[PDB]
Every structure is written in C-alpha cells, then in structure tokens.
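In the form deposited without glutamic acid, a lone chain appears below as structure tokens.
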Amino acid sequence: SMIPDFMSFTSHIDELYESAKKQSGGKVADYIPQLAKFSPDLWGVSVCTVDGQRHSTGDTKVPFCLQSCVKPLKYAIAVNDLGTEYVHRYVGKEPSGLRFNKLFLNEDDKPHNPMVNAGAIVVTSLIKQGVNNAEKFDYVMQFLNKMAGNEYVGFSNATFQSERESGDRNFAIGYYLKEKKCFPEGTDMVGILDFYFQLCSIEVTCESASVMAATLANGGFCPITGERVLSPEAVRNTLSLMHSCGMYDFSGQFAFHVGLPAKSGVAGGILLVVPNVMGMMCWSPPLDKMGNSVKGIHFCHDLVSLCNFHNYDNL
C-alpha cells in the first residue's frame, strides 16, 4: 500500500480539488436538455480505497448520468457471465485506428473495442440474452448495486427519452452492425438500442461511483461489503481497455501522462482506477474539445504528479 496516512492523503486530495476548481474552461454538453441543464460550476471528487476508507469534497451527492462511464461496467458484466473468448467473438481488444467513434469495423468486421459506441452496443446485445428488456435492465441494475455496495444507483428517464428521441447516430450504427452481422443470431436490434439508451441513463453520485471504481481496483471485490462482484478475468480485461480506450481521442495522451485505467462520460464524469489502491469518481460538467471533463483531466494529471500513481512510476 502507498497510502501510509489516509488522513494526510485526504488533505492532498482537497488541495488538488481546490486547484482544479480554478479551471473554468470547457463547455457543458448540450445536445440534449438533460445535459445542458447542469451548472458548469458543479465539481466533485470522491475516493474509496481498496481498504474501504472514504473521502469526498465538493458536489459529491448530486446525481448525474454515467453515460459512457457505463461502458466498462457492462463490458465487465459480459465477461463475468460469458468469459473473454465468447465476448470477443463480437468485439475487438484495442484502440480504433483513427477518430474515436468514426463508425467502421476492424479487419474481422467487429467494433474495435468495448469503449467506442459501436462496441458498447454490441456488448449490450450479449448481456442476459433471452429475457425481455425489463429483466435485462433489472439484472444490470442489481449488478451495479453490488459494484456500488448498494449506494446510489438511480435512473434518468428524461435522459433516456431524449437519448432515444435524438439518437439518429446510434440507430445508424445499429442498422450498420445488423447488416454486417455483428449481433448474436436472432437479436432484436432496435430492442438492444433501447436497452443501450437506458444503460446510458443510469444515474450515480461521485460517492457511489467511486465505490464502483474501488471494486475494479480491488480485484473485483466491493471494498465496503467484501463480496465478490466481478471475476478476476473481467476486472483485468476491463482495466486493460480503460487504459487504452477510456478517454476517447485523449486515451493515448492519458495513458502516457497519467498511466491509469479511466473512463470518461459526456455528463462530465471520469471513473478513475488506481490498481490495488483506490477507486475514484471525478465530476464536472464542462467538457474539453475531446469530450473529457476539464477539471477532471486537470485533477488527474496533478494526482499522478503528486502521488506517483502512474502505472510505470518506479516504486
């Protein structure tokens, strides 16, 4: 363990939080009203060690949608229940060459990885096949509750309704994937898109999400309940992909300068994982040109520079 005195570490988090707060750049997403609503000044950071120790600063109890932050989570679910081999017969394992979410498959006609939209949609089509969307959703919700140690996990129907009503881009991807035979046989494509929009609309708080991150950072065991939620294989796979495909077009830079598994979302969230150390959720609505929370990105750089948490930092 690299945190001898938690109380002192906490004091540092507050300093970094305070410093990041001064970064007011960026634009709050506004393609749908449910996202445009948010104030650019909301800024929260919650920590949950593999130990179970907690600490929050800022707006850590204001609910917000996971959006893309849910991608690694549902992927982890798929691998947990189906295994690496099966899941990857449908999706790739690496960074798409060019632009993130450019819409095209790889050599084998599979979405490049679970973190791009086309890949997440395919992953969504693998979860609990056979049952209706109602049960599929309950199943995943239950799974997220376990990851969060039963802390806040809500749902935003307005985000859901708005996402579906204006999701022409996802429907295009939906039909494209169906024509390329990317879905398991007999898949109700439109039904999967519906399930996908719902998953993007699940709400969390920095506090509950930090626990989910902590579960990933703790070999798949929820730090505040001690129960096994995800298989070791699922966690390792998820972390590998968050390392290289979790920050959209900034993934390459992030891995190089921060070197930590992470996943951003258009709501301004950044699910951050420090292997065997802790889980975190940084949240601030204003996004940079690449879709990542401006304050969150600033905070992540500072965190690694201060505490030497970089994957390849020697210790």
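Numbering follows the first chain given and starts at 1. Take the two forms, find the largest set of C-alpha atoms that superpose within 1.5 Å, and that set is the rigid core. What changes on going to the form deposited with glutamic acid bound:
- Of the candidates 100, 221, 183, 152, the Cα that moves 2 angstroms or more after core superposition between these two forms belongs to 100 alone.
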The other form holds:
4 protein chains.
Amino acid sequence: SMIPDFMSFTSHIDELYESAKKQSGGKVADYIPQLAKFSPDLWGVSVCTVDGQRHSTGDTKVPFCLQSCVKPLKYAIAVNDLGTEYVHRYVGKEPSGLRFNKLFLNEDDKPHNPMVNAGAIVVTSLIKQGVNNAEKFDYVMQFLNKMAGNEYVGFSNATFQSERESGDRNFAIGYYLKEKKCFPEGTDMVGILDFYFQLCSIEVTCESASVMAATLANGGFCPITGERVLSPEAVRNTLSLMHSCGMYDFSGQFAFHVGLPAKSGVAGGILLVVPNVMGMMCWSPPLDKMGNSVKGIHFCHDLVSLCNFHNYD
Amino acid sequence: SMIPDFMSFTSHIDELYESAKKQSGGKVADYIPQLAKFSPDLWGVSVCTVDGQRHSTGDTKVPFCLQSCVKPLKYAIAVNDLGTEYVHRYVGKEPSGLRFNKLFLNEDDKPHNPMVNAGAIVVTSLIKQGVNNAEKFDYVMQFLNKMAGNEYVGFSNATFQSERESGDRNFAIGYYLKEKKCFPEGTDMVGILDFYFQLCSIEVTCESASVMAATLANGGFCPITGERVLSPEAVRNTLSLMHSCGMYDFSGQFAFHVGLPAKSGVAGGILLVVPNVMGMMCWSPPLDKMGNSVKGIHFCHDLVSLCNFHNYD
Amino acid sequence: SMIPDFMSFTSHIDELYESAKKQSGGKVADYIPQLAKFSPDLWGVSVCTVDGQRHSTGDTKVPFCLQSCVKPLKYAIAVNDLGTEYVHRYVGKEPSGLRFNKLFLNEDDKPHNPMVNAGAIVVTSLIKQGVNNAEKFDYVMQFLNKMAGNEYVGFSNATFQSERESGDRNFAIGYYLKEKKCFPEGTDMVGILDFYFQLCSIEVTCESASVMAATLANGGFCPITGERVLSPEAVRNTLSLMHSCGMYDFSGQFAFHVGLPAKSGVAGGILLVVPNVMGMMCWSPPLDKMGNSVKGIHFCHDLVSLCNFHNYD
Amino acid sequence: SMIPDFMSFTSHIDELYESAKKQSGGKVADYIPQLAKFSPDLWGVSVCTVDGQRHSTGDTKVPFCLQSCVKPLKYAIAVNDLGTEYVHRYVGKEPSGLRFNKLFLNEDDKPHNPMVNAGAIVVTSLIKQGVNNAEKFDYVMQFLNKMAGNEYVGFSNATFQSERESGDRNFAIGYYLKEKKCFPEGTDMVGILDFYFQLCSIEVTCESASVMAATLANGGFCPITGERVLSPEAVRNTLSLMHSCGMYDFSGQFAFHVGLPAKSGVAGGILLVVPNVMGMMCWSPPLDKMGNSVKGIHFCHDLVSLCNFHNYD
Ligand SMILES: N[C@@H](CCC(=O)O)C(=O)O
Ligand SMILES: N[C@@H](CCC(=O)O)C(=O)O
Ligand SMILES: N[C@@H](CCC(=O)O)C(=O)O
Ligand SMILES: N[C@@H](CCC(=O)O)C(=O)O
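Could the form deposited with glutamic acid bound be shown next, to go alongside the form deposited without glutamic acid?
So here's everything in the complex, that chain up top.
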C-alpha cells in the first residue's frame, strides 16, 4: 500500500494526464486504414488497483485494438496452460538484440522472446492445439474476459482483414519459422498466422485493459471478481519479459528510467503494471520513432518521478 | 520484512549453501597466476540485512579480488558525485548486445553500459578528475570502506601487476576509446588503465562485500553504521544496470529465473542484492562458460525458488 | 590460343579427370528425393572451346538440373534484354557478405547480387514482364537452346514439384521482397516463385552445358553455330559476378586459387568459364560443406595449376 | 599487345586526363597536417608499359606518400620471401566484409586480408624477422628501388611522426592482434607498428610508382631493367587481392565496372595494373566518401570504357 489515500493519488493522475496532453508530437500509424483513421488527439488513462478501486480520465471508453499489447497476454495464457519449461522449448527469454538486429531467429533457431513478432507467432501456435481456429479464438476471448473482469473485449474485423492482407513481413516470418521447424509437429502455419492476425485485432478500452493489467499486478487474481485467472508462474514470467522486451528498442531506456513492466502497441496503447499496486492502460495514437505512444511514454516517466514507483526506488 | 524470523532464514541459508557445495563443475580462471592459485573448493556465503543482522557460512574470511564486481560500485560513485545526466553523456544504459557482439562501442561511439570493460574504463576516467592516480585510488578506497562499514577492504599488488602486464584486450579498448574521443577532455588514457587495473585488484571477503551489497539494498545507507554513503539516484541506477547487465551473457536467463540485481567477477564472486531486504556475497573460484561462479549461480537460483525473492514474485 | 595442340590438352583433361575421380568425400544433396536419388560416383567433364572443338570424359550424357547454375544464365538474359542500368536498379553487384550474413537484403533493401537466391528471385521478376508464366518459360528455354547450340536442354517436373513444395525459405524470401517493394510494379510474387522453381528445374548434360559456358567464354557468340546470343555487356557483367559470387561462401578461396568465373549448383554441377579459351561443365553429385561439388572443386584447382589458366597467371 | 600504336594511346591518355581534371569534388585527407597541406588541384597520371615505354601528364614529379598503396607491395615481398602457404597462415584471403564490418579479425582470429590495416600490420611482422627495424626498413627500400627500376623512392619523416602520434586506431589493432596471438612467436608489437608507420610514409612520384605497377603487370620483371624482382606466385596473389580488396568498400563496384587490379591510398594515389599491358599511377589528393581519389576513380572508369581493358572484355 504505497497509496495511503486513493483520492489524492487520483488527483495526481489527472495532473500527469493534463501534462502529457500538451505533448503533441508523433505520428499515428498508417500502414493500414483502420489505424490511420484515428485522431491524434485521443488520449485516455485508466487505473485499476489491486484493491479494485478505479479511476479514468480522457478518452477511456473508445475501443482500440490491442495489437502488440496482446503478446504478453497470450504468452501468459500459454505458460498458464503448458508451464514455463514447455513454452520456452519453442521461444527464448533473451531481451537483447544480442547480435540479431532484425533477425527472425537466434543462433539456436528460436525466436528471441515472446515480445517480438516471430516469438508471438510461435506462442500462438502452442495455444489450445488440436482444435479449429474458431475454437482457439473463443478460448482466448473467454480468457481475456476473465482477465478484464468481464469488461469490454471486442473484435475488429476490418483490422483483421487489412492486417492479413498487408502483413507480408509476418508471412515471411511464418515461412522462415516453418523452414527451421519452429512450430510443434503438425502445425498449419498459414492457419496460425490468421489466428495471430485475429489476436492483434481484439479490441479493448482503457478501462477494460487497465483491469487486465491490474490482474497481472495482482498475482494473477482479477481485482474486481477475485477469481484466479493466471498461475503465479505465468504472471511472474510475463512481467519479467515485459520489463525487458515490452517497449521495442526503447526497452532499455524505459527499464532504466521507468523500471516498470509494460507493453506497447502500434494503436498507441501502453499496458503498464505496478506490481502489487495497480494496473494501467494509457492510450494515444501518435507514436514516436520507436513505435511507442508519445503521450504514453511522457506519462510513464512523470508517473515514476512523482510517485516513486520504479522497481528499485 | 519478508523475513519474519532471521534465525530460521539463517538455517535455510546453510541448507542452500550445503546443496550448492555438491556442485563441483566449472574452471578456476587462469589467465593470470594470481587467479589460477585458488582452490576450486573454496566456497562461502555472507548475508547482511537492511537491519544489520549478519550470517556467514563457509570460507567467508578469505580475501579475493573484486575484479568485475567493482564495476557497479565505481559506477555508483561516479553517479553519486556527478549525477545521472553527466555520467551517461559518456556511457550507455543498454543491456542488450543489440547488434554489437563484442564491439567496444555502440553506433553512437559510446560504450554500451557501465557493466562491460569499455564502459568501466570510461567510468573510471570520470571519477575525481584533475588529481593524481594515487589520490584517486585513495578516494575510492575510502568510499568502499564506508560502503563496507569499515570491514575488510584490501589490495592485491600481484594481481594488479599481472592484470596490467597481460591485459592486451583492455589496452586495445583504451586506444579505441581514445580514437573516438570517448574520454573527458585532457584524459591520460594509459594512466586511466592503471587506475582501472588497480580497482579490479581491490580485495574483499564475503563478509565485507556482503555489507557493501547491503548498503545498495538499503537505499544507499550502510546497515551497520547508519551513514548515507550513496545518493538514492546512484543506488537506483546501479541496481537497474546490475539487473540487466551484471551477469555477462547470462544476464537474460538470470533476470528471468532469479530476478535480482547482481554482478559477477572472474575471481568467482557474485555481489547479490535483494532490495530492501539484504545484501549478499557468494564466492567460489570455479567459473562456468559464461564466466559466472558455478556454485554461486546454483545458490542464487535455489535462494529465489525457496524464499520467493524474485522481483516479480 | 593458350592451347597450341587440342589433342594433347585433351590428354591432360583425362588425367585431371582421373585424378579427381579418387576424391570420394562429400554428401549428395538430399533435401528433396529427386536430388537424393543420384549416385555419388557419377562424374563427368565436358569441354567446348571458343573454336567449337569438343571433348568429354565420364558421365557426360546423364541429365541433371542446373539449379543455381541457372542464376548467371538468367541474369545474362535480363541484362541482354534490359541493360545493366535497369537490372541493377533492383539488384546489387556486391560479392561480399559485407555485414549481411544470411540477410535477404542489403541496407538499401536490395538483394546483394544476382548469385544468391533473393537476387535470383528478383532477376526472375524482370524477364519478359507482362506475359503469362508459360510464355516466360518458353522464352528462356529458347534462349538456353541458343546458348547451347541446340544441344540437350530439358525439364524436370518432379524436381519442380518438390522444390516448390519444400521451398519454405524461398517463400520467406519472396514475402520479404514484397514487403520492401523489391519487385517491379504489378508483380505477382507467388507466380514469380513458380517461375523461379521451374528455372532451377531445367535439365542439361555436361555436354550441352559446356557449350553454354563456351558461349560466355566467346563474348556471347555460340561456338558451334556462330550466332550472337548475348550482348557483350551481358557477358562481361555475368562473368564479373560469377568470379566474385558464383561459388557460395567459397568464392573468396576459389577466386584466389583458381581465378576463373564459375557457378556451382546443388545438383553437383560447376559451370566453368576460361575467357577467350573455352567453356566447361564439371558434374559430380557429392557436395562439400560449402555446397560445391567435391570432385569439381578438386578438378578446378588442378586444371589451373597445370595449365596456368588463372586470370592473373 | 592491345596497344598497336603507343603514340595514339598516349594521345587518348591525355584526353582522359583532361576529362578527369574537370572533376573537382572530394576532400583532401586532413587527419594529419602532412596530408592536409596538399593542394586539391594536384593531378597526375604516369604510364609504364610491359615494354618499358613511358608517358606522363600533369603533376607526375611531385612526391607523395604511398600510404595504403604500400600494402600490396609489402604483401608481395612477404610471399616472395616466405611463400603463399606460410603468409596465409597469419592472414586471410577473403575480400568480403563477410559479416565482419569493422572488425579487426575474422572468426578464425585472423585479419580478413592483406589489404586492410590489421592485415597489413600482420604482414609487416612477417618480413625479415630477427633483424632490427632499421635493417628491415632498408631491406624493403631496396626492394622498392628494384620494383621502380631505381626511380624516385623517398621517405617522409614528418608523416611518419604524425602517423604514429595520432594512430590510436592502429595501436588498438596492434594490442588486439597481440591478445589473439596473431603475430609470429617473439614479435615486438610496438616495434612492428613503427615499421608499419614508416612503410606508409615512403614517398614516390607518379612516374616511379607507375614503374612499380608495371613490374606487377609484367609477371614480376621490372620493365626498365629486365630484372626479376618478385616471384610469379607473389605477383599472382597480389593481383588477385588487389582486384577484390584494393579499393576499400568500393572494391565491389570497382571490380564490376573497371575490372582491374588496383590499390588506393589516403594521399590520393591509385596504383593501377593492366596485366601484361602496363602499370599506372594516378594521383589527386581529393578523396571521396570511400577514401578513393575522385579524379582517379573517374579516370579509371573512363580508361576501361574507352580502351576495353576490363578483365572480362
Ligand atoms: N499487427 C502488427 C502489430 C505491430 C505492433 O503492435 O507493434 C504486426 O504484427 O506487426
Ligand atoms: N580484470 C579482468 C576482469 C574480468 C571479469 O571480472 O569479468 C578484465 O578487465 O577483463
Ligand atoms: N533450388 C535450390 C537451389 C540451391 C543451389 O543450387 O544452391 C534453392 O532455390 O535454394
Ligand atoms: N596511415 C593510414 C593510411 C590510410 C589509407 O591509406 O587508407 C592508416 O594506417 O590508416
């Protein structure tokens, strides 16, 4: 309980929100129309404590796609159902670019970590094996519903259709992983890519996503339902990798100055977790060179400076 | 206070110690005679809580050189005296090998981080500039005395002499850094290398070093004297980088499975920090492929599994 | 005329052939059944001078697929029809792995050179644009007939079918090239890959292929028909790149010790050219670590030592 | 004899010279004062056929330092005296940057080739081992006198002094090579660097250097004295490597468009060899991004287009 008075803290959240609001730099992702449509002025921040206490400011009810923010979530599901040992038989745990800038695989022919595309694609192939794609999708949707305590969790068909149609790089990754036998025996690679595109197209709001983050911050228990959603093992692994691989090539500077587990997405979202304290979702479409939401990054740095939430504070 | 009963915990430390004792693999460093002399069976573990409570098992009073274990300590001193902004004007904060396996510098012509040789050499050039080497050395020795609450802090002249005489790679690094103007204006590169070799040759015991670690775990206050030795800023930065760059190329697997800030050295030492709980020093000469003490690594994994000290537990 | 007496030279060719015959190391390619079927003892060498004089020894009438040996040939066709400037607008001319080990593209997002798969795939997309694949294939077949002075030029449907079905890496390359807009406007990437697989599946004999090589050695004029098949520009460019990029990662050692333009293939063939003297085709299924025919490599080194054919002799 | 009439050819050389004279781009090297002093308008071209016929235009009698142009010459001396096998026991033959951009050594801990600094430094350590530096220097000076048929061969003490004083990168290379045991047993690395700096400081004129090149073009026999200076083996190896590694990172484009063995230097010189025809030395201080003389590069491209001297023409 580093927050003696929730109300006062709420008052500081609004100030930080207001401050980040002035930051207008960045560029809204436009590789597909569904992302290009978004207004650069959309900006929201939702908070959900381990207590179940809530607070939102800004555009917190406008749905947007998780995109890469879904990576830690599906990695968590895989570990929850299969265990650490099995999952990392197919994907690495290294946060570095070691000496593999852009390579789809490391020297052991394994994706570097679950937080980059090649790794997410492999993780996607491990979940609920043996059933059709429709059944796999429903399975993950239910899982996300629990993580979000039944709050907003939708799907963007337009994003899915455009993502699949212009995802040449992801298809290149898929064929290379097939080349190196990176998938479990009997995997339909193309079918796995569709499932991958679908997962990136799942929609949330800052409010529902903040609850998902709060669940990770609460050892795997949903703060607003009390249900155990993920195993302690799944949560710990997910946080470790979000800490070191969740903010693209900015992970290093982020880990040093912010020191919190987080995961960004091209839609402008930033899933932030403050272990044993709260979960958060910051969202603002304009992205910086690294691909991280400009307002989100600013807010995160300010939040840690003010409240001393850094893991090593 | 994750340790309700110190005595019971002490009892578990002995069991873990005993367990790691069976691990006999590894190779004692032998690039110089001063390291080759050490018996592979030397094994000690000292603990010093934020309280000031102590406990040792094994060879905890046999002096050994800090070697790379001194890197976070001198980085801490630099930040303490110069501030974060200035220090990182000369050295990076990236834990990755990004795409620089073995390179002495990153694309910006800066050492990757304070935890690799090139970075340590640059950091060494920033401390107490303007005075002779003898004065710089005395300054750091006093600083280490405070960190250790006046316990054992010596110096190995034989190691220093051999380190300097066979350190061709460090001299190559020194001339390259000079090439790229990596040092502050007016630096005597060769003189900086001597100071660097001297720092690596400083001796400690598991007992004194554990107190140094406890000081880092206690926000910069020495647990057995109550004195403020390092600024909060220095401690936080040091821990962040020990977490991501302190265990050579094993940092990734270490961060994932152990989740604690640590720094190893070729003498077989492992400076371990459990934020707000305790500081530790594990020592055993036999090193694994990565250059980390075999017994130390084993002990660290066991300690986290048993006591749930992982940052994200 | 470095060959005063053709008959005596013919006698030396048989000795070299006999010598290489003792070299039995290597492994027959087996990624597909059509290559795995081949006997490791098949060994033939055909020679065709700029004069039109012929000579064969060994298994010179057993058809085998050109595979990568077709790369310089189709590159020659492209330049012949489009000119140097246009072709290299899509592919590089660098023989080095510069700092791109295995990368499909260089820093300018262009395949390194026409002699590696990504480059061959792009070159394939430039030939006879606007017509259907069947028409493109017939066009190249006619071109090869001329180069071979109407001698054996067939097609292996089984190889084509297997190559396409197991070519995951080539499909990964195709999608990446599409990602980076490497193909001319309006290219059907998948359709280009089929054409690429078909070209690799074209069959020849040592005898017909030697004539193709002789055509390159004769400034673009077929030695046995007198017809101008390729422009002087096409021949010069092709030879330059065969010299520096035609023997996989062995190109460097090959260029130094043999000094002749050549191109190997996984079927065990080695298209060798001795400028203004003769063309040759060596064939033996067993390949070395680099992917080059063991007997072929041995024969090439011996040929240069004995007859002093090295470009700088 | 691709030059039926020397006089007419001489007339074309003047036209090409005049044409390149208009090219004024580039920057005179200025890392040391001795290079910075040179006027950007100095431009000369000397030719010396295998016959012994001469021709000069422009500033052909102004002395300038060989710098890197000396690399192939000292490599030739080493092979001449020690043989191919021994020399390449210490240095590679690969022209590529393979996957070693800037690295001082390849995966086998050997310099990539004799044409880059690390390789030149190692080659320098193999010549006339066992005698003092003064004796080694005199030995090479005599060798160069023979190669130049006793024409201008001097020494720049000022360049030597400045080269050694600011050569931090070369000293870094020297200590790294020592680290990896790259030198023959008992080598005084620092003493080798001085010898290396001295060799780079040897002076020539376009006229004397053209004779050195003519000697390489004439199988190792000096065109104006008839004496055998280098073994056939030494000449062939030197030309092979000049062809693939003599023009810095431009070697690839140079090999493709010019197709001649050449070696550039930071003083603006370009040692050009036309096998069995002539030797040439082009000189003009202004260098391009790659470090090659702008006028020299232009002249070389024009020379090949006009006279069809390309190895594969
Ligand atoms: N759908 C995008 C997401 C990118 C991102 O969120 O960073 C991809 O697969 O690359
Ligand atoms: N003196 C050694 C220390 C190595 C280590 O502790 O890892 C060096 O400078 O490389
Ligand atoms: N069809 C093979 C040919 C390989 C070779 O000839 O080297 C490929 O496309 O990789
Ligand atoms: N003395 C310079 C010569 C550079 C050059 O000629 O390219 C060096 O050793 O780097």
